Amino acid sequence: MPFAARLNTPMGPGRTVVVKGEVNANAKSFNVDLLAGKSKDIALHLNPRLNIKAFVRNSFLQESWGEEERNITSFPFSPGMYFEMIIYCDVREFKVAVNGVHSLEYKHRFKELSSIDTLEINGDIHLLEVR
């Protein structure tokens, strides 16, 4: 990696993106982005930060970053360990779970969900599976 691939089916109410992998032993950060490849908009930007232990997420829309959402109930990533991330897309929001526990919801900023057709993953991670 960096991993950058086409979603074989674009996002919509009820669509899923599953990330399985291993956060590096000496990791500091990694990113999984849900892109609208046509305008280069990042509708969903999940950025777990191992060093400060914060799950950051934002949207990069019209060449400009929005307001940041950090609110978590627990930090589900730990260096040297395997994680599974399920990203579920609902009508009004994304729902993200990590390792069988609910992590966060994220209201849709990029409203035209069918235009989200790209997945990008980079950072201090070892990618096992994208589904």
Given for the second form:
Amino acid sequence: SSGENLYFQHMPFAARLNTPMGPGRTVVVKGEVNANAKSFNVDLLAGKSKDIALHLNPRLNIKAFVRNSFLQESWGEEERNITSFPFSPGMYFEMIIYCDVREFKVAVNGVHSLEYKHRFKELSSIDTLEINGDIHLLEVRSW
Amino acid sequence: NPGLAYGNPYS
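Please show me the structure of the same protein in the form solved in complex with its partner chain, now that we have looked at it in the form deposited without its partner chain.
Every chain and every other molecule in the complex is listed next, the one we just looked at coming first.
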């Protein structure tokens, strides 16, 4: 359920989205990064094929925000360009993923952070959200 | 209300 209270939810967390991806869809992840975090990930997957359409992977040790896709059982070429690394240990964060026609747009704490051109093209097959790593998850919502 | 402390730049 969108708006379910995830305060005590163990990582990894996995959820079927009620409405899958498509133009106009929005998913928000609210949580806190552990003060002793090394990394975490938020993935959007196609539940049947288990392809990962969008892999979002903040790595705290090197301050890199890694994005990739796992298609046909292989990781693609990573995207790492950032204006700034928008996470910090111990911080509350809000990450918003908006699905546009040609790309995802991802915002952190209310500020646009990056675009990710769709590699997995069949958007409405993207029906699953998985989250894992060194965070306290508070809530996920989608609309 | 989506309960966004930082707002939504895509709205």
